[PDB]
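*Asks:* Fit chains P, T, A and G with the ligands to the given chain O structure using the hints.
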Amino acid sequence: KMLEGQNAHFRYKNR
Amino acid sequence: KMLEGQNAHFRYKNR
Amino acid sequence: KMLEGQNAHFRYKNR
Amino acid sequence: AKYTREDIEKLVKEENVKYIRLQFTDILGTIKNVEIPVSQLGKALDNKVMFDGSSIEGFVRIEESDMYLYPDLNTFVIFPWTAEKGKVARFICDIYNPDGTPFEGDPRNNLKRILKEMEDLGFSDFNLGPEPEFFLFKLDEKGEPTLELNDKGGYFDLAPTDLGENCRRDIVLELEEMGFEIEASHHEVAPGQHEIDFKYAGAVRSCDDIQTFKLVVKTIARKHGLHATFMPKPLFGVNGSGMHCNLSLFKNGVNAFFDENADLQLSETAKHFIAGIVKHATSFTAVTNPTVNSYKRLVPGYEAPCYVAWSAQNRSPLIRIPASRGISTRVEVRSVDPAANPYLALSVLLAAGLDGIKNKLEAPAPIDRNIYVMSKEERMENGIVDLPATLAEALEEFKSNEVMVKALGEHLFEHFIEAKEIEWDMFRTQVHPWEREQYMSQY
Amino acid sequence: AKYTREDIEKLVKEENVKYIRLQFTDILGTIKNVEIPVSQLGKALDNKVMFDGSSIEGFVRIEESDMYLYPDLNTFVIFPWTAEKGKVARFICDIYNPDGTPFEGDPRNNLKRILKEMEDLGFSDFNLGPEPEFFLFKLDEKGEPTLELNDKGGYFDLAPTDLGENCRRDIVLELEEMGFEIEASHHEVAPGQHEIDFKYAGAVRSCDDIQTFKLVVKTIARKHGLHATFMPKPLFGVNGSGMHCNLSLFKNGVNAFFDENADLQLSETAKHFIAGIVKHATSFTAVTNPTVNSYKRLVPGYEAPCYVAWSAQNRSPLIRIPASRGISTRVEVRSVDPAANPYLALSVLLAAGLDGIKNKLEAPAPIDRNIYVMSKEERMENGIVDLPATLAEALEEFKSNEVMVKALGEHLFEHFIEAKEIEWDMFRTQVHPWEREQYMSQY
Ligand SMILES: [Mg+2]
Ligand SMILES: [Mg+2]
Ligand SMILES: [Mg+2]
Ligand SMILES: [Mg+2]
Ligand SMILES: [Mg+2]
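Chains as they are written, first to last, in the deposited numbering: chain O, 746 to 760; chain P, 746 to 760; chain T, 746 to 760; chain A, 2 to 444; chain G, 2 to 444.
Just chain O, with the same shape it has in the complex:
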């Protein structure tokens, strides 16, 4: 669950 949006929440934070 949260790990896919956070997984996204993070992808842009780290690009």
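Any given hint could be a false lead.
Using C-beta positions, here's what the derived DEER-type ranges look like [claimed, not checked]:
{"no.": "1", "chain 1": "T", "residue 1": "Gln751", "chain 2": "A", "residue 2": "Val374", "range": "52 to 58 Å"}
{"no.": "2", "chain 1": "G", "residue 1": "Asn17", "chain 2": "A", "residue 2": "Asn253", "range": "53 to 59 Å"}
{"no.": "3", "chain 1": "A", "residue 1": "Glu85", "chain 2": "O", "residue 2": "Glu749", "range": "39 to 45 Å"}
{"no.": "4", "chain 1": "G", "residue 1": "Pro99", "chain 2": "A", "residue 2": "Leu122", "range": "53 to 59 Å"}
{"no.": "5", "chain 1": "T", "residue 1": "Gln751", "chain 2": "P", "residue 2": "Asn752", "range": "55 to 61 Å"}
{"no.": "6", "chain 1": "T", "residue 1": "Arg756", "chain 2": "G", "residue 2": "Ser125", "range": "28 to 34 Å"}
{"no.": "7", "chain 1": "A", "residue 1": "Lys359", "chain 2": "G", "residue 2": "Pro99", "range": "27 to 33 Å"}
{"no.": "8", "chain 1": "G", "residue 1": "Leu12", "chain 2": "A", "residue 2": "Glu379", "range": "56 to 62 Å"}
{"no.": "9", "chain 1": "O", "residue 1": "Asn752", "chain 2": "A", "residue 2": "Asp369", "range": "47 to 53 Å"}
{"no.": "10", "chain 1": "G", "residue 1": "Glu403", "chain 2": "A", "residue 2": "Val374", "range": "44 to 50 Å"}
Per the computed footprint, the stretches of chain A lying under chain P, defined by three or more beta-carbons under 8 Å from a beta-carbon of chain P, are [said to hold, decoys possible]:
{"no.": "11", "region": "5 to 14"}
{"no.": "12", "region": "236 to 245"}
Straight-line C-alpha distance at most 20 Å; calculated EDC-like pairs for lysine to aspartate or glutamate [unchecked claim]:
{"no.": "13", "chain 1": "G", "residue 1": "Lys219", "chain 2": "A", "residue 2": "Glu419"}
{"no.": "14", "chain 1": "T", "residue 1": "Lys746", "chain 2": "G", "residue 2": "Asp387"}
{"no.": "15", "chain 1": "A", "residue 1": "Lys361", "chain 2": "A", "residue 2": "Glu65"}
{"no.": "16", "chain 1": "A", "residue 1": "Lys49", "chain 2": "A", "residue 2": "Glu16"}
{"no.": "17", "chain 1": "A", "residue 1": "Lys219", "chain 2": "A", "residue 2": "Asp171"}
{"no.": "18", "chain 1": "T", "residue 1": "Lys746", "chain 2": "G", "residue 2": "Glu378"}
{"no.": "19", "chain 1": "G", "residue 1": "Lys88", "chain 2": "A", "residue 2": "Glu175"}
{"no.": "20", "chain 1": "G", "residue 1": "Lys143", "chain 2": "A", "residue 2": "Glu65"}
{"no.": "21", "chain 1": "G", "residue 1": "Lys88", "chain 2": "A", "residue 2": "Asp121"}
{"no.": "22", "chain 1": "G", "residue 1": "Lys49", "chain 2": "A", "residue 2": "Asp198"}
{"no.": "23", "chain 1": "T", "residue 1": "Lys758", "chain 2": "G", "residue 2": "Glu149"}
{"no.": "24", "chain 1": "G", "residue 1": "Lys143", "chain 2": "A", "residue 2": "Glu175"}
{"no.": "25", "chain 1": "G", "residue 1": "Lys86", "chain 2": "A", "residue 2": "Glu422"}
{"no.": "26", "chain 1": "G", "residue 1": "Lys280", "chain 2": "G", "residue 2": "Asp369"}
{"no.": "27", "chain 1": "A", "residue 1": "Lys361", "chain 2": "P", "residue 2": "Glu749"}
{"no.": "28", "chain 1": "O", "residue 1": "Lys758", "chain 2": "A", "residue 2": "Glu65"}
{"no.": "29", "chain 1": "G", "residue 1": "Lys224", "chain 2": "A", "residue 2": "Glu166"}
{"no.": "30", "chain 1": "O", "residue 1": "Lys758", "chain 2": "A", "residue 2": "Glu419"}
{"no.": "31", "chain 1": "T", "residue 1": "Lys758", "chain 2": "G", "residue 2": "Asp158"}
{"no.": "32", "chain 1": "O", "residue 1": "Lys758", "chain 2": "A", "residue 2": "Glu424"}
{"no.": "33", "chain 1": "G", "residue 1": "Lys280", "chain 2": "G", "residue 2": "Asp141"}
{"no.": "34", "chain 1": "G", "residue 1": "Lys49", "chain 2": "G", "residue 2": "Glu118"}
{"no.": "35", "chain 1": "A", "residue 1": "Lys153", "chain 2": "G", "residue 2": "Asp369"}
Note that these hints are calculated values from the structure, not bench results.
Cβ atoms here follow ideal geometry from the backbone N, Cα and C, with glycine treated the same way.
*Replies:* Chains P, T, A and G with the ligands alone, transformed into the frame defined by chain O:
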């Protein structure tokens, strides 16, 4: 080891 | 040698 | 104190400011802020403006977490490149639990927290006096950074003349008006790597200035259409940018490290700072060197340290002891770099240093003979241990170390660690282009 | 002095000064500076400023070392150009070890050190009328220099393009605005070559007003649209810019080289200075013609001194006693080039000059005409010897001479060698395009 960095040091100087 | 420099004088004037 | 309230309201009115940023720094150094119209200033200075607290944990944040926002009345600073709709100004604000307690996990407070131990320990002021180096790239038409240096300069050279250039000027002189105090400056070792230096100040007042600085460079560097970048070792095989840190523990308006009557004129006290710091050298490395790139900056040679040892005359050492004494006797720590969160680097540097003065440790013996002529296995025979090789080989040392875990609280130590293995882990599961220039044609 | 601490400031004040460049000169002769805002003028002139002195030793530095920069109050100037959020001044400085003693490593001090050598002996004044040529290459649409020459004019010619015609003018009328006592300008032989000839002065005032000179000649050269290259032999095929130095010892406040009733109105003292100068000639070339290119300048013809003999009349003599006597008597060392160090140069010459003076040395035969017309073997037997040919055949001859050590002192010396040695060796291992035109397709 100072030959890598002095070596970069001289790569800035001599270019 | 001047014949060189003299030669290295003349290339300037006669152009 | 410096400015009282009626002093701030006197300038908001007179100088006429229409907007107010309420700055605070997070866990990864990004300088963040909530923004209020000058119309709200009252409520702010009464310490009542609130925000989502979790914004500090950075990306690893998880729950809305209401926090209040106390403005350090003194930090107030009006920017000059602003006009147009009124001016702009900023109060660096400490953080406070919704029941008025400091927020344990805010970098800035944690420093006031550790310098509490410091005044609980007999000392009066723990002075930082930084040397933040940097790089400048030439923007592209699409207004985007490039791999193009703004100049082909070198060490202390007469970087880009009085004619047209010298962003250093616009950069320097600008900082003048804003109330700064610039030691000097000079073009650094690599093409377009410049360096500005201020005067010393208590950690609080200083790390606040490294932040403000980084703003004013980045934003002045842009007016000139050039990218600025404090990144650690931007190019491969070109001088890394470092944030030399100058520490001076005073006590009684008097420099404690001083002791004319002694050896090197270093106070026994100063030996305690220097020794204690050599212990956790590799432990707090992760912090002062918080990024993945710092380690491509930590390669032997480019003048960047690697080995834990101290002296006053040796190439690339970890701790340097500058030559001038009296009030200026200070233990320079050269492994730090601009990437590093000021408040977090100080917390770990001081605490690691304040360990040595309360368990009275013993300096190991300075290395003047040299380590860069020795081999890794030879230096190992003495107190010389290499620094880590990665943000990862480092994290295993910052975790292991029970004292750093006392500089950063159960909160900040957790989320710093939380965040840097997602960082490191983001960078190790990638498949960079070198990996193609190596393994696609051969294999 | 000509300015006193109160003189300066006030001048600063009325001149809304905001940026000060405390500038110096390294071992490679490239003009360095640490730059402060006028707000630090005070700490400046209280000789309380500091810097990393290992930045004088060129690229061969090893361990950053804190030096003090005392500014010579007389070498103060306010650049006409800068003024753009204030005006931009400067000062030339002496470099001090931490303990109030000079830096035996300063090219400027080393010189006030060898001049101190002089007064010991009885003389007071060493003076330098210099002859510095410089090309002017047209710049293109990107702003970078191209190999196009500014004009086609010859030796002393008239109007040749307004880019030189009014560059040697804009420089000259400009150079005047900064207390320059400039004698006469004229165009020099090789297309583009220029010469500004300025009134003689004290060695220190001289190599100073010289460094000054390049900064300036390169700005007003660039403001006009071209590159002003001081390179020895920028172009093969053509003449080179050379920096003749006119020597003259005084003492009592009278010319020492002038001698009313003697051989060529040349005082004995003159013949020693002339005889000695001839001795070390092939030793101090290293310093005087300090670059790989220098020796491509010393080729047959193109007026360059290729051998080592003195004459008051010859194609290419290594010294030269010019016409005039009176106060004017003086020695011309045509050998030197603009590349050389204004400081280390003076240093070596003035030391092989004095050698010949403290030791009573016999000057060899004034060479009249038989030489150039001569051959390189019968030319041996005569007090005449070739001058090196490569910056290495040059280094060797310099390490072997124990008075050039004493001249530069172990620190400039040792580091200077270690450096050129690397300069040379960078040039050597490199496969030049020449090697390929000739050897690529033939063999
Ligand atoms: Mg306690
Ligand atoms: Mg530095
Ligand atoms: Mg430093
Ligand atoms: Mg003990
Ligand atoms: Mg001439």
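*Asks:* A separate judgement is required for each hint: does it hold in the structure or not?
*Replies:* A quick look at each hint next to the structure:
Hint check: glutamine 751 of chain T to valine 374 of chain A, Cβ distance near 56 Å, so the stated range 52 to 58 Å holds. The hinted window of 53 to 59 Å between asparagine 17 of chain G and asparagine 253 of chain A is violated, with their beta carbons roughly 41 Å apart. At roughly 43 Å, the beta carbons of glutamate 85 of chain A and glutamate 749 of chain O sit within the given window of 39 to 45 Å. Taken as a hint, the range 53 to 59 Å is violated for the pair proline 99 of chain G and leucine 122 of chain A, whose Cβ atoms sit roughly 31 Å apart.
Between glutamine 751 of chain T and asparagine 752 of chain P the Cβ separation comes to about 46 Å, which falls outside the hinted range of 55 to 61 Å. With their beta carbons about 47 Å apart, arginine 756 of chain T and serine 125 of chain G fall outside the hinted range of 28 to 34 Å. Between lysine 359 of chain A and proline 99 of chain G the beta carbon distance is about 32 Å. The supplied range of 27 to 33 Å therefore holds. The hint said 56 to 62 Å for the Cβ distance between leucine 12 of chain G and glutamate 379 of chain A, and at roughly 58 Å that hint holds.
Range check, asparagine 752 of chain O to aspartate 369 of chain A: Cβ separation about 52 Å, and the 47 to 53 Å hint holds. In this structure the hint that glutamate 403 of chain G and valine 374 of chain A lie 44 to 50 Å apart at CB is violated, the actual value being about 29 Å. Counting residues of the region 5 to 14 of chain A whose beta-carbon sits less than 8 Å from any beta-carbon of chain P gives 0, not enough to reach three: the coverage restraint is violated. Counting residues of the region 236 to 245 of chain A whose CB falls under 8 Å from any CB of chain P gives 3; the rule of at least 3 is met.
Our distance criterion of 20 Å between C-alpha atoms is broken by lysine 219 of chain G and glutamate 419 of chain A, whose separation comes to about 55 Å. Between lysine 746 of chain T and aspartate 387 of chain G, the direct Cα distance comes to roughly 14 Å. Compliance with the 20 Å bound is thereby established for this hinted pair. Annotation: proposed proximity of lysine 361 of chain A to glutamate 65 of chain A is violated, straight-line Cα distance about 44 Å (limit 20 Å). Of the supplied pair hints, the one linking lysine 49 of chain A and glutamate 16 of chain A is violated, its CA atoms being roughly 24 Å apart against a limit of 20 Å.
A C-alpha spacing of about 12 Å is found between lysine 219 of chain A and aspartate 171 of chain A, which places the hinted pair at or below 20 Å, so the restraint holds. As the CA atoms of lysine 746 of chain T and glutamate 378 of chain G are separated by approximately 14 Å, the hinted pair is consistent with the 20 Å bound. For the proposed pair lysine 88 of chain G and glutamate 175 of chain A, the alpha carbon gap of about 15 Å is at most 20 Å, so the pair holds. A threshold of 20 Å between alpha carbons decides the hint, and for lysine 143 of chain G with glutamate 65 of chain A the separation of about 54 Å lies outside it, so the pair is violated.
For the hint linking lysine 88 of chain G to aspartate 121 of chain A, the alpha-carbon distance of about 49 Å lies beyond 20 Å, and the restraint is violated. A distance of roughly 15 Å separates the Cα atoms of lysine 49 of chain G and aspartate 198 of chain A; the hinted pair therefore holds under the 20 Å criterion. At most 20 Å may separate the alpha-carbon atoms for a hinted pair to count; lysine 758 of chain T and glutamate 149 of chain G meet this at roughly 18 Å. Straight-line distance between C-alpha atoms of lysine 143 of chain G and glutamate 175 of chain A comes to about 29 Å, which puts the hinted pair past the 20 Å bound.
For the hint linking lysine 86 of chain G to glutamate 422 of chain A, the alpha-carbon distance of about 47 Å lies beyond 20 Å, and the restraint is violated. Taking the CA atoms of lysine 280 of chain G and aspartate 369 of chain G, the gap is near 19 Å; set against the 20 Å cutoff, the hint holds. A distance of roughly 38 Å separates the Cα atoms of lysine 361 of chain A and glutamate 749 of chain P; the hinted pair therefore is violated under the 20 Å criterion. Taking the CA atoms of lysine 758 of chain O and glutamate 65 of chain A, the gap is about 18 Å. The hint holds against a cut of 20 Å.
For a cut-off of 20 Å, the pair hint linking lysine 224 of chain G to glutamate 166 of chain A stands: about 13 Å separates their Cα positions. Among the hinted pairs, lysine 758 of chain O with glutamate 419 of chain A is consistent with the structure: their alpha-carbon atoms are about 15 Å apart, no more than 20 Å. For the hint linking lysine 758 of chain T to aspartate 158 of chain G, the alpha-carbon distance of about 12 Å falls within 20 Å, and the restraint holds. With a C-alpha separation of about 11 Å, the suggested pairing of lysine 758 of chain O with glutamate 424 of chain A holds against the 20 Å cut-off.
A threshold of 20 Å between alpha carbons decides the hint, and for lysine 280 of chain G with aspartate 141 of chain G the separation of about 46 Å lies outside it, so the pair is violated. With a CA separation close to 28 Å, the supplied pair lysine 49 of chain G and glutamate 118 of chain G exceeds the 20 Å bound. Taking the CA atoms of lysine 153 of chain A and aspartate 369 of chain G, the gap is near 49 Å; set against the 20 Å cutoff, the hint is violated.
Checked against the numbered hints above, the structure violates hints 2, 4, 5, 6, 10, 11, 13, 15, 16, 20, 21, 24, 25, 27, 33, 34, 35; every other hint is satisfied.
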